[PDB]
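One letter stands for each residue in the lines below.
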Amino acid sequence: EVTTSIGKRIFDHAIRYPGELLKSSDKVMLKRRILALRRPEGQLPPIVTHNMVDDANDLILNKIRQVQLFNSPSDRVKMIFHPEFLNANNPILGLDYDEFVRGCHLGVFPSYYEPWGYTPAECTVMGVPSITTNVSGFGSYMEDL
Amino acid sequence: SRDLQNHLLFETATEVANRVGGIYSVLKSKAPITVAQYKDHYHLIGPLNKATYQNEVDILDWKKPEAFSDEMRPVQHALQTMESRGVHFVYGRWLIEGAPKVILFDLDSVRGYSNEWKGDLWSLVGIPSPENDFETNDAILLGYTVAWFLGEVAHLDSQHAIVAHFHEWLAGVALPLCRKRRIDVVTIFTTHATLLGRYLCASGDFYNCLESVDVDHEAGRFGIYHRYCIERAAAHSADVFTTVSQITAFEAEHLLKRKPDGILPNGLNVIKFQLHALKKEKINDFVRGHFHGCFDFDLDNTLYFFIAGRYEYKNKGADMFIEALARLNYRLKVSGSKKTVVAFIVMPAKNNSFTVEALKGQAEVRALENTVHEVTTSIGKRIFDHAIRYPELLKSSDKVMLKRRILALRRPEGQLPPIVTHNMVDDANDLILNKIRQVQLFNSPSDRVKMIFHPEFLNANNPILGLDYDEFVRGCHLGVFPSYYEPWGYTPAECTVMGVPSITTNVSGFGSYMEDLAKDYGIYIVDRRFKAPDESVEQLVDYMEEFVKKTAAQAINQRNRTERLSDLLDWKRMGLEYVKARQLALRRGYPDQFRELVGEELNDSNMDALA
Amino acid sequence: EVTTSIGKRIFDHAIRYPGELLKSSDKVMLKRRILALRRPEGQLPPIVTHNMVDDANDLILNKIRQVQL
Amino acid sequence: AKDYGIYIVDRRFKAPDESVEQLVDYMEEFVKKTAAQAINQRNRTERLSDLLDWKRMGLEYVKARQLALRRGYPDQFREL
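Line by line, the protein sequences are chains D, A, C and B.
For reference, each letter of the first sequence is one residue, going 384 to 401, 414 to 540 in the deposited numbering.
For reference, each letter of the second sequence is one residue, going 2 to 205, 208 to 277, 285 to 401, 415 to 540, 546 to 639 in the deposited numbering.
For reference, each letter of the third sequence is one residue, going 384 to 401, 414 to 464 in the deposited numbering.
For reference, each letter of the fourth sequence is one residue, going 546 to 625 in the deposited numbering.
These are calculated hints, taken from the structure and not from any lab test.
By construction, the Cβ of each residue, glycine as well, lies at the ideal position given by its N, Cα and C atoms.
Possibly wrong hints are sitting among the right ones.
Unchecked claim - Straight-line Cα separation of at most 30 Å, DSBU-like style, residue types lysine-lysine; simulated pairs:
{"no.": "1", "chain 1": "A", "residue 1": "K275", "chain 2": "D", "residue 2": "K418"}
{"no.": "2", "chain 1": "C", "residue 1": "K458", "chain 2": "A", "residue 2": "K422"}
{"no.": "3", "chain 1": "B", "residue 1": "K600", "chain 2": "C", "residue 2": "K422"}
{"no.": "4", "chain 1": "A", "residue 1": "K289", "chain 2": "C", "residue 2": "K426"}
Said to hold, decoys possible - Computed list of chain C residues with no C-beta within reach of chain A, every gap over 12 Å:
{"no.": "5", "residue": "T386"}
{"no.": "6", "residue": "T387"}
{"no.": "7", "residue": "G390"}
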């Protein structure tokens with residue numbers, strides 16, 4: 384809203400011929428919005444996007460908990476657990492699975508038991524580098540090429 | 002000595018820089034128009050809320066000489082004296098449109114003077130202060146501070162007349178003190194409800212025999228006596244007493260014992276609410299996916315009613331809405347009407363998001379939509395490539424995928440489109456749910472009114488009803504707010520501003536206020557005050573019916589008309605009423621200097637009697 | 384127009400459960428458009444897109460005219 | 546009349562010059578119109594729209610065809 388206003392003002396000035416281009420109205424609403432982004436003191440970006448039914452005992456959580464990847468500025472790897480299917484019409488990570496895969500850089504599937512593994516395979520089909528395993532069907536098959 | 006023409010204004014409320022109620026929205030939305038008039042002569046005062054003020058306030062340095070003008074030095078010194086005595090505060094800009102200046106008193110920084118004060122109160126207005134009431138504790142804290150601050154300003158300022166406006170009981174204690182200490186300010190007290198009001202209408208009779216209730220006794224019965232006394236004492240000690248509505252004014256007179264001197268109806272920043287075709291389609295999408303497998307009605311013949319607001323079952327008239335809907339069914343069945351009414355209920359309740367059933371319905375109708383799209387754009391490419399190249416358009420490939428999607432839409436044997444989009448936490452006790460059960464609006468194909476309880480705020484980026492509240496309202500046809508207790512009614516009021524017909528009530532502030540300023549303008553007023561409950565339910569049904577049996581012509585007109593009422597609700601106009609109350613205070617405060625400023629002795633019993 | 388009409392008809396049928416999809420109104424506007432495409436006898440697609448000022452003497456035109464494309 | 550966004554200049558009875566002036570008078574009043582008066586006018590003319598449809602105007606061909614038939618066969622008509 385603020386930038387399209389700036390644009391109409393730049394354009395009017397220009398079409399008329401013959414250093415604060417933001418009026419104080421626009422500064423108020425901008426300020427408020429930057430301020431709404433403040434993290435309560437020492438609150439860190441969550442490692443989960445959902446309310447877990449079995450929070451204490453969940454394996455994934457307690458594993459990122461044990462290795463302590465808690466998303467500190469210090470940490471160069473950020474950890475996001477998303478315990479649900481991806482859907483384009485979601486308030487949080489709005490994207491169908493196929494869109495999300497495509498927008499990612501690297502798929503990582505360190506499967507132990509996987510007679511085939513349709514998941515890495517179709518990661519590959521979408522043109523997205525993948526890490527799989529030689530006890531994964533698709534991996535073992537990939538190994539022979 | 003004192004200048005009435007250019008005076009000071011101080012507006013005080015629990016809510017100024019924290020949204021803890023409705024009054025927040027009144028002060029927020031009113032700011033622009035009042036800052037435009039007072040500039041830096043206007044300041045708002047409230048309790049600094051430490052959890053939130055940093056998100057709402059541009060905190061300023063009030064010590065710097067640039068902070069105030071010379072003219073306004075008194076407030077700076079006044080603020081100084083205050084921090085001398087250990088009273089901490091924040092001075093700054095409330096980061097809303099208009100950016101009025103604010104003074105946020107730190108109640109922690111004065112909780113010492115607690116006991117000294119609860120007592121000085123009693124020895125002056127006989128107001129008890131039980132210590133297990135944290136609200137009143139802070140209410141006293143705030144009052145003593147603000148009355149303090151106003152003393153200092155009054156004393157220090159030899160130039161300006163000082164108007165000081167207070168909103169609601171929680172911010173009322175400064176009022177008794179001001180009148181006792183004969184402090185040289187004119188004061189106004191606006192109440193936006195009443196304590197006896199809200200507590201009497203908690204169960205379910209009122210408007211008939213409040214004229215005959217023992218106030219001192221009921222208050223005691225609700226463990227509210229002391230709160231009650233703070234509200235009353237604020238109403239009597241003020242130079243000018245006001246309510247937000249004519250109907251709240253009726254309440255007050257008989258419950259507080261003082262006839263308001265006027266009405267301060269809540270306006271809106273109309274601007275900030277500014285297309286129905288386009289949002290109606292989004293509701294058409296939700297409906298097609300909700301009624302998949304039994305979609306047997308014409309959407310070009312379907313009207314969308316809705317109710318919205320806080321989940322107050324009795325107070326906001328949910329019961330009267332549903333009941334009146336069940337009857338409106340009958341009247342449409344029995345007349346063999348051709349039309350269909352889908353009535354939504356948008357009242358936030360305790361829940362666990364959307365039902366598997368509701369989500370599924372939507373995803374399959376999206377799939378259908380996507381499949382038809384694919385298939386048709388193929389048809390086009392094959393129609394085009396034939397024409398241009400001159401001299415069953417569906418291959419069987421397209422026939423397969425079509426067949427599948429259609430099939431997915433099948434409704435299990437006898438299952439009906441749900442009456443809820445959500446997993447209710449309290450499914451057995453929930454009043455809305457149990458009402459619609461008891462009247463049996465279950466969304467059968469017979470039923471000419473369908474029912475859809477959406478127990479959560481609407482949000483543009485949702486999987487089911489993908490609309491922001493503002494878009495949704497515009498997409499509807501009629502808003503139905505059959506309130507029983509509603510001192511103003513912000514919800515009917517921004518229905519009208521958005522350009523959408525509405526049914527409200529003569530015991531609803533905005534309703535009563537509207538009754539004065546008929547139905548051809550998109551406003552229906554059910555009489556909940558005088559008719560017996562049943563004849564009330566019948567009139568609501570009568571209005572709905574009339575609105576259904578309406579030709580596309582008559583309706584397009586109504587909307588063009590109510591689209592015009594929009595501007596009569598802007599602060600730019602509704603504001604004049606606050607001006608009238610500020611000037612009434614000034615003419616009652618300084619009868620003489622006022623007389624000189626007109627030429628004559630204008631009348632001083634009402635705000636209306638004045639202008 | 385025609386294919387979005389078709390589209391809305393397939394979609395309605397489908398949202399209802401429980414070979415000429417075009418109604419005759421559509422076959423009319425289509426026939427017209429198709430018919431408009433007719434070249435007058437033996438007229439070929441022009442080798443130029445503009446009216447020339449110096450048509451007879453222009454080197455480009457006269458060269459393609461010479462090699463008969 | 547002019548409230549439905551239809552202005553008619555009398556080019557028939559007034560002399561050329563008083564026509565010109567009436568045309569000017571109309572344009573003027575139109576300029577000096579608040580954007581609310583104007584929005585109302587447009588909403589009004591938008592309603593004259595449907596009175597110009599053959600569904601309505603067709604009645605006039607009907608009326609005429611029938612008069613052709615009431616005049617051509619007076620007797621079979623009287624009976625009908």
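Cross-check of the supplied hints:
Using a Cα cut-off of 30 Å, the hinted pair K275 (chain A) and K418 (chain D) holds, with the two alpha carbons roughly 17 Å apart. Simply put, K458 (chain C) and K422 (chain A) have alpha-carbon atoms about 54 Å apart, too far for the 30 Å limit, and the pair is violated. Proposed proximity of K600 (chain B) and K422 (chain C) is supported: the alpha carbons are some 24 Å apart, at most 30 Å. For the hint linking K289 (chain A) to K426 (chain C), the alpha-carbon distance of about 36 Å lies beyond 30 Å, and the restraint is violated.
At roughly 4 Å, the least C-beta separation between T386 (chain C) and chain A is not larger than 12 Å, which violates its mark as non-interface. Listed as outside the interface, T387 (chain C) is inconsistent with that label: its C-beta sits roughly 7 Å from the nearest C-beta of chain A, within the 12 Å cut-off. Distance check on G390 (chain C): its Cβ comes as close as 4 Å (rounded) to a Cβ of chain A, failing to clear the 12 Å threshold; non-interface status is violated.
When the structure is compared with the earlier hints, violations turn up for hints 2, 4, 5, 6, 7 and for no others.
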